[PDB]
Amino acid sequence: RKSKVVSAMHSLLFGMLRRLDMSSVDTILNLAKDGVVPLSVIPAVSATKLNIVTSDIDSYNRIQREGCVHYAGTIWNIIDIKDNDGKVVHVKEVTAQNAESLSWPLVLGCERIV
Amino acid sequence: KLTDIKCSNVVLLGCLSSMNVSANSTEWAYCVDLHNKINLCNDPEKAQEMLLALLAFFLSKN
Amino acid sequence: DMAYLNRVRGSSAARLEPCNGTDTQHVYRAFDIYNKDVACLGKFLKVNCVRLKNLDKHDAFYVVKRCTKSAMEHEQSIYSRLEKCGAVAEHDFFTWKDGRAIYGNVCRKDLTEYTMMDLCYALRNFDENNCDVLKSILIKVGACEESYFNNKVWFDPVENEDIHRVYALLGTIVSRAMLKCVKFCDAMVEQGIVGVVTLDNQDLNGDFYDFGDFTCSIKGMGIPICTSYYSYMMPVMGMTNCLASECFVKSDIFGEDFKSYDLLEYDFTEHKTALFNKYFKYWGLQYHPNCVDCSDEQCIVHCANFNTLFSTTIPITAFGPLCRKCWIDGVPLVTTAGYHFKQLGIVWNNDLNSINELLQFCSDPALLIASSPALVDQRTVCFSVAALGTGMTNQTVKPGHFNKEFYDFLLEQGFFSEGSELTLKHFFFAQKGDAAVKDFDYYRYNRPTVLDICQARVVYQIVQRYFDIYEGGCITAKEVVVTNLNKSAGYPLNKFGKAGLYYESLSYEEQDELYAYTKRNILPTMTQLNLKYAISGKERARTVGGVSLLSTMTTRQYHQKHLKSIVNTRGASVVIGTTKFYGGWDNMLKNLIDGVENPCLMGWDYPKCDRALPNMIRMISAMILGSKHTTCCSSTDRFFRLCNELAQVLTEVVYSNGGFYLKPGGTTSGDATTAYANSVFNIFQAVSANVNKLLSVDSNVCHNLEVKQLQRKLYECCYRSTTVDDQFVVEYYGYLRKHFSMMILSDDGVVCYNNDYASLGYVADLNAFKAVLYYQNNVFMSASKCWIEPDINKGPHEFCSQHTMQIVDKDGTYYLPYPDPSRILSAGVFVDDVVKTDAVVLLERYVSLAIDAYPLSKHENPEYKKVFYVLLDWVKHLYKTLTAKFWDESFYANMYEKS
RNA sequence: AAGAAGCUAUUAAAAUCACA
RNA sequence: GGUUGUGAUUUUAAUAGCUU
Ligand SMILES: [Zn+2]
Ligand SMILES: [Zn+2]
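Residue numbers (UniProt numbering), protein chains in the order written: chain A, 3741 to 3854; chain B, 3581 to 3642; chain C, 4103 to 4455, 4462 to 4990, 5007 to 5023.
Calculated from the structure, these hints are not laboratory results.
From the three backbone atoms N, C-alpha and C, an ideal C-beta is built for every residue, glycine too.
Keep in mind that a hint or two might mislead.
Claimed, not checked - In the DSS-like style, the derived pairs of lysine-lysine whose C-alpha atoms are separated by at most 30 Å in a straight line are:
1. B:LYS3617 / C:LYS4646
2. C:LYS4603 / A:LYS3744
3. C:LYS4321 / C:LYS4352
Stated by the list, open to error - These stretches of chain B come out as covered by chain C in the derived footprint (C-beta under 8 Å, 3 or more residues):
4. 3602–3609
5. 3623–3637
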C-alpha cells in the first residue's frame, strides 16, 4: 500500500510537470517582484488554451466581437464551441437569433493568438 | 390525495433516471422543475395536472 | 416673530421659511455625548435650537442656537480661529431682546437636515418599521426616489441585491465626510484647539458646525481625539462601500482596455499605508499593512479590520496563494512560497524547500493549477481560476426511492386523511445537471464587513471569558483520535484511496514533523466541493466542502484538546457535547432558565449562515479557539497556525466539476472546527447586540444605578481608553449571566432574558439582533423565522430543529423534545437510494425513527400520538416478516428517563 | 472442579439514524 | 464520485467481570 500510493503520487506529479507548460510561466514569472506571481492569475497569463462558459447569447455577444475574445490583456480566437451536451455547435447557429432553441450555457474552446 | 400523487411523482423520475434522460439537459431540467414544483404544491388539481404533464412526457420515450 | 427672523433674513436674502414659527422644533436627534451625568450614543430631545428651512436649496436648513449668552465669546473666538479652514459651516453671532434680558444667538447657515451621526445611527439600529429617518436621508441624498420604497422588501440584502447599489451611492458622502474630518482635525491642531469630534458635529455636506465643548490653547499645540468618530461609522464605512473611488485598477479583465502585466502586481503595501494616512491620519493607533508584524493578538484584530476595509480597493485577483518558480526534483517547477490573505496581508513561507516533504507537493495547488488551461465562467459571480485538460463536466442529482409498502401501511392506519394539520412536507428534491456551481454562486452574499474596532475589542474580551473554562494545547500525533477510513480526502488524493491509506502510510514521526513544519510555513490546499444526497423541506440544493487530508490531519492536531474539552464539559453555555437523551434535554433547559428573573425565552437563526459569515469574525473565532496555546507555541507559531487555518478554510481554491474557483469567504462544512467556530461566532453576535443596545440606553432616564455605572464604564472602556480593564469585563460577564442567559449549539441557540431589563433596553431584545445582523452579518433576520415565548413553562418554540413540551409526572414537571411529526413520517417514507438487500437495514432505520419519535406518545394532540404507535406497529410487522429490545415501548421509554 | 452458557459492562470495528 | 462534527441505536469481535 505504502509503495503503491507514493508511486501513484509520483506519477501524478510527473504528469503535472508534463502538462505544466514550463517555458511560458518563466517568461512572465520572473518579471514580477522577486519572480512572485499570484497563483490565481498564472494560467490566464501563461496558458495557451482558454475555455469560457457563457450564460446565454448575450454573453456571447459581449465576450467576442468577430470570433475573437480579449482577456487578461490578450486576444483569444474561438476555435470550437460546445453546448451543454458536448455536441459540436457551429458558429452559424449561435450567431443566428434561432439560438433561442439551443441549450444556453455554451462553452467555447479558445486559443491564444499573439 | 396529495400524498398519493405527490409520492407517485418520485417513481416517475426514477423510471426516467434509469433511461439516462439527463444526457440532454433540456428535458432533464424540465422534468426536475416540474417535479420540484409539484412537491411543494399545496392544492391538488394543480399537482394533478402537472403530474399529467409528466406522464405525457414519459410516455413519449416509453 | 418676523422681527427675530429679520436678523437672519438680512444676510440670507430672506429666502427662508419657519417651522411652526420661531418656536424650537421638538425633534429627536442622535447624539454621542460623554459627560459626567450621561455617556451615551442614543438619541435625545433638544428644543434649544430653532430650525428654518432654506427655500433656495432643496435641503439646506438654517439652525440657530438661542442659548449660552456667556458662551458667545467662547463660541465666537473658536469660530474665528476655525473659520479659515473649509470644513466649518457658516455661523452668525448676535444677541436678541426677549422679556427682561437679552440672550445670545448663534445661527448656523445652510446646514443639512440630518447630522452624519443621524445617518450612522439610523443605518445601525435598523428595523423594518420606524425607519423614517433612513428613508428621508436616502431621498434627500438622491440615492433613490420615494417610489423605490414601494417594494416592501426593498431593504433586505438577500432579496434586493439592488440595495447594495443604493448604499454604494452613500459611499461618496461617507468618504467626503472622512476627508473633511481629516482637514478639520488638522485645522484644530494648527489653531491650537483641543477637543473630541463626534458625528453630531458634522453634516452630510461634510462641514462641522458645533464647537461648544471645545477649548482654546496655544497655537499649533492642539490635540484632537477622534477615536469615537472614526470607529463609530466603521460598520457604515464598510456597508456603503466607500473608498470605491480609490480602486487601484479601473478596467474590466476581459475589457480591451487592460494590461497583461497589470495582474502581476500584488504588494499594494504602499497603496494601503498611503490610504491609511490619507483617511485615518488621526487614528493614533499604529497600522501594520502586514499583520505578521503585529505583536499582540488584539493588535492583529485592529490591523486586520483595517486591511479588510482597504481590501475593496485592491484587485480581487491579487489575493490568493503566492507561488514562484523553483528547482524541484531536478525539474524547475512553480512552488508555493507565500500567501496573500485578504485580511492578514502578505505572509511568506519561512523555510524554503522524503514523503514528509514530497507529499505536500501533490496536494499543493501550485503545481496543478499552473498546468491547466484557463477558465472563465459567467454563471457565478465568484472568481474562476482554471480548468483541467479533460474539460468541464457537470453532475446531477437523482431523487430518492419511494418505499411503497410503508406508505400503504400509513394510509391503512388512517393518516394523510382529508383532516388537515398533517401531511408529508420533506422530499428528496432533484437538482439540475450542474446545480453544484450555481449553488456555489450563493457565496456572493459574503460581502466585506468592517466591524468597529473600538466596540469590538471589548466584545472580543468578553466572549473570551465564555471560553476560559476549557483546556487546549498541542498533542503528539499518537494522541489524536482519528475516524479512520474518512469517506474522502479531497480532490488531489481521493483518486488513490480513503484517508486511512494515508494515516497508516504516514508513521507518527512524519506526522509530527509535518505539524512542526506547519508551525513555520503556509500550505494551502484544494477543497473538492460536492453535492449531498439528503432529504430537505425546500428546493434549495445542498453541498459540502470536504477539506483535503493534510489540513484535517494538522488542524485537528492543533485544536483536538480544546474541542474535546468543549464536548466533555457540561453545564456550560455551549452545549455541543450534551445529549438530549436521558433527560439531558431537560437538564439543558433547566440550567438555561436558572437564575433569570422574570424569564422570557427568545430564539433566532442567521439567514445564509454558512455563506454570509463575515470573513472577519471567522478569523476572530479562529483566534479564540487557538488562544490557549500559551506555552506549547510561541506567538509566531500561533500566527502561522492561524493564517494556515484561514488559508485552508476561508480563501482556498475550491475545486468542482473540473472547474477551479476561488472561494470569497464563508465557512466550509468540511472543516473540523466548523461547529465550534460557528458557536464562537454566535456568542460574538449575541454579545455584541448587548453592547450595542447598552450604549444607547439614555442614561439620564435610567435609575438602576448598577446599569448606569455599567454603561458609563463600558463607554469609557470602548473609546476613551487603550487597554480594557479585566475588572469591567468580569463585571459585565456576570451581569450578562445574570439577566441574559445563552444556550448555543453551533449556529443556533435560545436565550432566556429578563423581560424587564429587555423592555427598558438594558439587554438585547430581538430588535437588537435585527440591527446587529444587519450591520455586521450584512443580512436581514426576517421577523418570521425568529420568535419569542413569554412563558417558560411552554419552553422554547424550537431549538435544534425540535420542539419542546412540559410533562408533569411522579418525577414532577420536566421537558421533552419531540420532532415535527411530518418530518419523521417523511424520513420513514423516502430513502436516498434503493434499499440494500438486507431488510435489517430497514429495521435499524425504523427503530431509530421510533426512538426519535417516542416523545410524541405523551403529546396532547391525539393525531400526533398515533405517529409513534403507528411506527411501532410497522417495526413489529417488519420484524415479524423477518424482540423486547424493539417490540416493547418501554425500551424507548427508558431513553427519555433520567440516569 | 474443570467446562459450559447466561448476564454485565469496558474496548474496538462496522452498519444506521437524528442534529448543525 | 457521494464531507467533517456530536449524539444514539444494532450487530460483530475482543476484553475482562459477574451469576447460574
Ligand atoms: Zn498591528
Ligand atoms: Zn501549540
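Okay, the hints, checked on the actual structure:
For a cut-off of 30 Å, the pair hint linking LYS3617 (chain B) to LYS4646 (chain C) stands: about 10 Å separates their Cα positions. Under the criterion of a C-alpha separation no larger than 30 Å, the hint pairing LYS4603 (chain C) with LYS3744 (chain A) is consistent with the structure, at around 12 Å. Our distance criterion of 30 Å between C-alpha atoms is broken by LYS4321 (chain C) and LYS4352 (chain C), whose separation comes to about 43 Å. With 4 residues bearing a CB less than 8 Å from a CB of chain C, the region 3602–3609 of chain B meets the requirement of three and the coverage assertion stands.
Counting residues of the region 3623–3637 of chain B whose CB lies closer than 8 Å to any CB of chain C gives 0, so the stated coverage by that chain is violated, three being the minimum.
The structure shown violates the earlier hints numbered 3 and 5.
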